[PDB]
Amino acid sequence: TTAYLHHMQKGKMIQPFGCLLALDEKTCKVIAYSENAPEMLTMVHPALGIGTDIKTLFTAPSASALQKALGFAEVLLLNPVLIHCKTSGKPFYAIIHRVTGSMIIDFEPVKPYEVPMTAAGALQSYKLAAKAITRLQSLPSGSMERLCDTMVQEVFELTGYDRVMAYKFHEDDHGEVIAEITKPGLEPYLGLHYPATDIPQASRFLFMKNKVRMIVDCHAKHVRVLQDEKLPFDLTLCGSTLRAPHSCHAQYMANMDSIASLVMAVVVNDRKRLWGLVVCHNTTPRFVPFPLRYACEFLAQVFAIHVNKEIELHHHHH
Amino acid sequence: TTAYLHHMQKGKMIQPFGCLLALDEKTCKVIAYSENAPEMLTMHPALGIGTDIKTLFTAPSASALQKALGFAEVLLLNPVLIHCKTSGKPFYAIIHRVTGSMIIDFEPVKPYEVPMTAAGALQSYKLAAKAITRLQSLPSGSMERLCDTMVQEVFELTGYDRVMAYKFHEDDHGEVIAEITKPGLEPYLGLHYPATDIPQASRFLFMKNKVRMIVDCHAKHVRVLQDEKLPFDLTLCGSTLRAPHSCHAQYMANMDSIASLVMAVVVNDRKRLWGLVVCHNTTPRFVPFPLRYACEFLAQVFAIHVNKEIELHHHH
Ligand SMILES: *[C@H](C)[C@H]1/C(=C/c2[nH]c(/C=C3N=C(/C=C4\NC(=O)C(C=C)=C4C)C(C)=C\3CCC(=O)O)c(CCC(=O)O)c2C)NC(=O)[C@@H]1C
Ligand SMILES: *[C@H](C)[C@H]1/C(=C/c2[nH]c(/C=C3N=C(/C=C4\NC(=O)C(C=C)=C4C)C(C)=C\3CCC(=O)O)c(CCC(=O)O)c2C)NC(=O)[C@@H]1C
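Listed in order, the protein sequences are those of chains A and B. Read left to right, the first sequence gives residues 67 to 110, 120 to 345, 360 to 407 (the authors' numbering). Read left to right, the second sequence gives residues 67 to 109, 120 to 345, 360 to 406 (the authors' numbering).
Hints may be right or wrong, so weigh each one.
According to the in silico footprint, chain B covers these stretches of chain A (three or more CB under 8 Å from chain B) [claimed, not checked]:
| hint | segment |
| --- | --- |
| 1 | 154-168 |
| 2 | 247-253 |
Only pairs whose alpha carbons sit at most 25 Å apart, straight line, appear in this in silico DMTMM-like list of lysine to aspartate or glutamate [to be verified]:
| hint | chain 1 | residue 1 | chain 2 | residue 2 |
| --- | --- | --- | --- | --- |
| 3 | A | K186 | A | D309 |
| 4 | B | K161 | A | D237 |
| 5 | A | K165 | B | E189 |
| 6 | B | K206 | A | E149 |
| 7 | A | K361 | A | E149 |
| 8 | B | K361 | B | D303 |
| 9 | A | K206 | B | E401 |
| 10 | A | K78 | A | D309 |
| 11 | A | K186 | B | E189 |
| 12 | B | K202 | A | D345 |
| 13 | A | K361 | A | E105 |
| 14 | B | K202 | A | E386 |
Simulated from the structure, these hints should not be mistaken for laboratory data. Ideal placement from N, C-alpha and C gives every residue a C-beta, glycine not left out.
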């Protein structure tokens, strides 16, 4: 069963669009790093390895903000942090989460001349999502079809992907594409049913906790995460924004002409279950910044509430 | 409206919490500045008329403001986080346009706020979006319950001592129809006020400037100087920093509302100013632009629900 989960947490591979550090929960020093992190974060005991102090990597407001995060509980972390590398000023969004023993930081590059617009762009992303949420709210109740069609249209406009689908899980765990919008000319997948095994339990289980997942390029060469072999626990990457897709799925995307994807879990009663996914595909590589993904998380949460109301209301009328 | 509009539209006095520049769209050079701008933005001659912003700000900052000249008002995404070239001091630059001028308000940012710039913007908008979902799920039918919820939500989001819903009657006089305060404050719930307490000129400006903040009614106002070559006065009333008229400043001091934040409630935005959400604080208070921006959208949603409650009511 869960030889799948072993590889999906302890696989130690990330997507190369960003890099990863894990810091010790007490010393704040590097205990693990992706192999691309030296070249991404430094110009260059190298400049970056096990035991590196982050005060040597980043400017003082940047390192200061990460040191302070080492003091904050998980739910109290406000992401992302805007960080600059020492000397170069090279900027990244740092997205922080905690595992037992460690603070994990995903670093996603930002275009330097866009740094002045970071707050502006984050507000605009959430504003657009918030407007989408008001349009979901004003929909007349009583039609799951209208709700799902509206949601895929909103996600399509917000995210700019080639294809957006609502993928519903049936009682037997097989899935169905129940709503879809594409750029003109693409073949539809609307209506198609797919076996339970296309989306393994481990992936469904992960979606309960990791609610938005982005794959930038299914063909990109994955990068290993190295950790001190004496670290008294294994570092899991299930929470990382950068976690590489399992090679099977990477192959699956290749076969389907989805080079890129963005997937939002739809969890009702967040008893709790995965109702389905909002699945975005792109024909070419696609990156969208963490603020938009964050705004999409809330949109998906509101959608799930409305989904569950439509279920209740058609459970009642019958 | 005769006299008031002249002075308010020119907006030659600002609050000292921030500073203002106006740039000529054609040249990108300074054509107006608040008298505190030299001290705030500098430590190449003095900042004055004719100054090139490439001498005031770091290169990415100056480029971001120069790029803003090529956006229609409606397409400006605010704020811009700028750093001063000499000091490295950070500010939020809030940009608006008046014809061929670009007007920039600069509000200081604390050094530890800079790395959390996007994080704090998302959190402010997330809190406001959650407030919006609670407004939406309110059962229809009660203007009172709607306004009560709104003042509660604004109170929690903004941290002011007092939040009121202030409704304009057909004769333009006002009534406080909902209120929440910290314990011990004197209530104004239910009180009616004359139309003249909020002049037409003020009500007209709220149609366009939807959120207005006063940090400290006692603070000494700062003059804006403009290019002597201009044969007319610039309009600076779009500024976030515009100083309150001294009559209003006195009224606040009288009332022991030292600070305020006021949101316009415009229905059919039939288009009219239904009222105001009025926040007061006993002591000075500043809230940063991203939160005020998020408040603007909360107020817009509120206005939609107010007009629904009006229509549900005219149906009975
Ligand atoms: C390999 C032997 C098997 C397998 C494994 C597998 N699949 C996933 C994850 C996903 N598979 C998805 C399938 C679909 N996506 C679509 O667009 C459609 C239909 C139009 C289907 C049916 C989706 C979605 C996911 C989620 C991926 C994501 O974005 O996170 C995984 C986990 C991948 C990971 O590492 O997270 C694995 C191991 N898939 C197969 O087809 C075979 C049977
Ligand atoms: C001066 C002779 C007259 C006058 C002028 C005046 N008033 C305003 C603006 C406002 N007055 C407000 C009044 C209230 N605030 C409250 O909390 C209550 C009741 C509880 C009332 C009635 C409010 C609000 C405003 C808006 C101010 C804001 O925050 O923008 C103005 C415009 C000031 C400006 O510079 O924008 C002027 C010129 N007020 C008087 O009382 C007398 C008659």
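A quick look at each hint next to the structure:
1. 154-168: Check passed, 6 qualifying residues.
2. 247-253: violated (count 0)
3. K186(A) with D309(A): violated (33 Å)
4. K161(B) with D237(A): violated (42 Å)
5. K165(A) with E189(B): Holds, at about 19 Å.
6. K206(B) with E149(A): Within the cut-off at roughly 20 Å; holds.
7. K361(A) with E149(A): At roughly 21 Å apart (the allowed maximum being 25 Å), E149(A) and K361(A) satisfy the hint.
8. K361(B) with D303(B): violated (37 Å)
9. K206(A) with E401(B): holds (22 Å)
10. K78(A) with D309(A): OK: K78(A) and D309(A) at ~10 Å, within 25 Å.
11. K186(A) with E189(B): holds (20 Å)
12. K202(B) with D345(A): Since the Cα atoms of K202(B) and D345(A) sit roughly 18 Å apart, the hinted pair holds (cutoff 25 Å).
13. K361(A) with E105(A): violated (42 Å)
14. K202(B) with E386(A): holds (11 Å)
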